[PDB]
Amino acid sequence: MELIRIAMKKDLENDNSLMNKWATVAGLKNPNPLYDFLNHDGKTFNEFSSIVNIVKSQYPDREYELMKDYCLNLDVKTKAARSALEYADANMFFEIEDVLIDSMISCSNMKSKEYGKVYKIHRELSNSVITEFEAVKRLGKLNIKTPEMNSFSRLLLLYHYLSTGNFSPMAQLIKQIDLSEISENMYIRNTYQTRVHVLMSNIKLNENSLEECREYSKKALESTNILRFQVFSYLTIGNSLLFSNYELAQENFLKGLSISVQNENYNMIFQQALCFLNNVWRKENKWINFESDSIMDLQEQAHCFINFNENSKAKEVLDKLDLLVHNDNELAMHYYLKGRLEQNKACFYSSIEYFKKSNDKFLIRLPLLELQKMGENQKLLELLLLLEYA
């Protein structure tokens, strides 16, 4: 017996009223598929949302441990297993996902087959194992037949575009996603829908359309119970306030930390956000990470040093940052900090160039503001704001 059902039966010996509470929580309408689930091995709810909501209702502290056991025990060819693979990916439960994947790639069901391979393509692209060109050739070679996977094959390319700083393809790619054509797996449709709101909030942030950003993240929140999406919605809300409302941006980051105390990844993400926030407002920055050699962390070290006129320390940092390799968005930021160290307009224009390449209208405000402080002509600034890169 899987740990989840040992637990809910011993919990039922001691309280009988749980049966109708669990049946409401799972939206089951009558405890009969709940009897079925507890008494017969391999019996599966119809929608994965039922046991997830029970596990979150009754056993939240233990959610990972209980569904790592439930998920790695399901029949991989079933609909629950396919749902489990989406559950795994959305929570960054890569240990449950990679095992589910390398068992669906080999299995006998051609619907779980393709879920497996598409998610494998995703996870190889994420870990820089294959190029963007490999990913799209392997997906095309797959002849995707499910509506779920034609949705997710575009979702995975959006994730890659977002993390590489290649924002200009995203608005067009996301508009082709149509989730209303998923009729089979309502767990996958509800979760994918949450991914889109989160991504759409991301796209509107990089378009400097900040109210629509906050509105999309907020719809994202009201739509989900997955902690990962809540994390990135509070992150996105707070980033949208970076230039306008220090207190409210900080409040959103702290909210994200408070719900993610367990996780070291989520902890560092909000910590890095608070670090950029305090550098932007030129405040004392307790969130610098000095024992790191990632570009994000070294740039925030330079930025703070620059803010406090420690140009030797800043130049040393920017010396290190030179012997490293930047994506476009990262180079924009690099040129911006070089412009503030050396007070050189050409670094700010170089910074504007790469911001234009990556189609980031949000952070391009940092070089634009510095150029105006240097008395740059306002018409030229207008013209910079309106011209685009190829």
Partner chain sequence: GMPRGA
The other form holds:
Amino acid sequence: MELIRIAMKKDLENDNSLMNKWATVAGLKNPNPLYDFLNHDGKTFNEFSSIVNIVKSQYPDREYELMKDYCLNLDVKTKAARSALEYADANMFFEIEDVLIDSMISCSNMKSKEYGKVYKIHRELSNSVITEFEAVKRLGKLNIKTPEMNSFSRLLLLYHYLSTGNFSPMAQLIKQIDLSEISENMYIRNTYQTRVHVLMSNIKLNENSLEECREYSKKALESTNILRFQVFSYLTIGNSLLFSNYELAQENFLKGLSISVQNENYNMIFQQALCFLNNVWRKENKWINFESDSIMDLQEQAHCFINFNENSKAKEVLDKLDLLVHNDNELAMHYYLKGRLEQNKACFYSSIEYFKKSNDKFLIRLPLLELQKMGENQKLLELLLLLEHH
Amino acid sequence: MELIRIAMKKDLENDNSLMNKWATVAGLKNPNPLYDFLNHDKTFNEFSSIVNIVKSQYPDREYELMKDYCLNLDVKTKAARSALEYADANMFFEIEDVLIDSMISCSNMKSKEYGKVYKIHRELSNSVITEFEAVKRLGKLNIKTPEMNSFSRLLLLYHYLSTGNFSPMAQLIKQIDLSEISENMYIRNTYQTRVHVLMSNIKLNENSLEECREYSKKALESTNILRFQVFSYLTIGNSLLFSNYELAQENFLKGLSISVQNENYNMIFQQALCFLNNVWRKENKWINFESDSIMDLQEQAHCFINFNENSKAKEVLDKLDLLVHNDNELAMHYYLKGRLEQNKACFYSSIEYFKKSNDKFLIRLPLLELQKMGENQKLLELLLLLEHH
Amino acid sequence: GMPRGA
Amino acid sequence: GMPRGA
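If the one shown is the form solved without its partner chain, what is the structure of the form solved in complex with its partner chain?
Complete assembly follows, chain above in first position.
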């Protein structure tokens, strides 16, 4: 008897009116299946959102404890399990996702087996256990038949490109996704819809299409009750305002902190967003993480030092960063900081080069402004914006 | 009787060994079709047979002898289709346009197909139609022969070359597969020369100068047609413009020496030498002071700036402003304004339009001026690395 | 650097 | 400019 079941019946005696609301809350205006769910041992809803919307409505503070207990005592061969895989991955509940995967690979239902097999590919790719090439070759060798995993096998590449600052292939790959081909799993279709809203928001951000970036994050927020998607929607809205609206950017990041109070990784992300915001506006910056040797945290230490004419301390930090391997978008920021510290236009040109290489049309505004401030010719600046990398 | 056959018989009466001679010139495995060609009002199976004989024995009257022979052909035959390419390759537009309208009206479908897409090529190169119109017309034709599927791409390549629009050429030339032309070897061979000279120009535009020269030297080895020899020497000489003054000059003068009796080809090598001497900032005896073409006015301005006559240069450049420039011509216009004004923004517009035309060779002119004005080496590298989209 | 995520 | 052709 799942903790969700033990707790749901216990609480129904004290408050007996829940049937009418729970059936309204679970995508049934007519309460027949709830009775079935509530009493007979092992009978799932047709759609996974019925359990989800109930737990978030009656035990929101115990979502993880209950969903973990329910998900791991699930027949991996069922539709409910396949929905749960996407629930666990979307929420970044790796404890739930990884046990399901190894169970969906070993079982004898073929649909659940394909699901586990490409979610495994996504997990090894995002953990740098395999390369993009190894992932693409294994995806092709699966002979993916379901329109669920044909959508996901594209999504998992989109996540890989975003995290390694390789923005060039995103716009065309995401255009290949057609979620209308998913007709048997509505939860998966709706949570993939939110995934695409968030990925499209980032693609619009990287193209410096700032009004459309914010429209897509709005759709993402309107479309989900999943914290992870809300987190990155507010991060992306806030990032889109970095260069124009300090107060509104900060408000989105602070709203992010507010909903991340029980999650360290999400909390860290908004501190880094606010840290970058205050460096761009060259303000005193309480958000710097001095106990970190990641590229992102070291760069913001040096950025603040440079802002406040602490040039020796900044060269100390850029000396540590020199010994670290950067992706193309990270090297472009390294050169921008170098160029500020040395007032060296050649670094600002190397910065533009790697921003072009990663196809980041948003952050390139940083080296371009400095070149403007150094009196670079206006026609040259226009040429640098017009030209593209191969 | 056609003049070619009248003349061949008058010389046969006096010289009998001419038969084995004309038979080997024409590449014949045996001498039967020559006799047959002289006796019955018939064709050789390959057009090169009669061309090589006219070129071997009557080179001074090729135009007269071929204009008479071609215009007397039955437009339904492989011979007449071959004469269409011969005419267009030689730029014998008088012979060509007559064949075209004959073929377009005729009841033969192959001749009809050749005629209609050679007409598209003629109308596009005379700007009677736009590129969009040409592509639209070619698509409706439902072209079936490999020859015309190849020439449909060649006519577009010529149009890109002449309008300074070099970006599409590399991908389009690769679509040509001449090995599929199996029936008309004369067409396969003259198209092979056409592709060699076009490839030479694409490698020049990519600043791949040794491969540029190799393709032009392959064109020369493949051809006995003046027009292809002319553009091979032009392209070899252009590829040397920045490095080897004497050898560039020697290739242009070689072109002049074969162009003697042809005012259009002669003008081209004069323009080539005029540009060479301006690039090297030498006394320039090749300037056309009686021209209002953009090409010639630019070189007047270029030489004036070279010899510190900047009031005269601005007079010229003020005229050029009133003319419509394609992208490649515009890039040269900004380079000259850059030199006259010593203004880096003009040099930046120059490279912008060289990037748009995809001209990686002539872009070395504004790049070198920016180097002299002390522009950052990393900036110049970046500008060479990035592409126009 | 600037955090990004989806 | 520089003449070109093929």
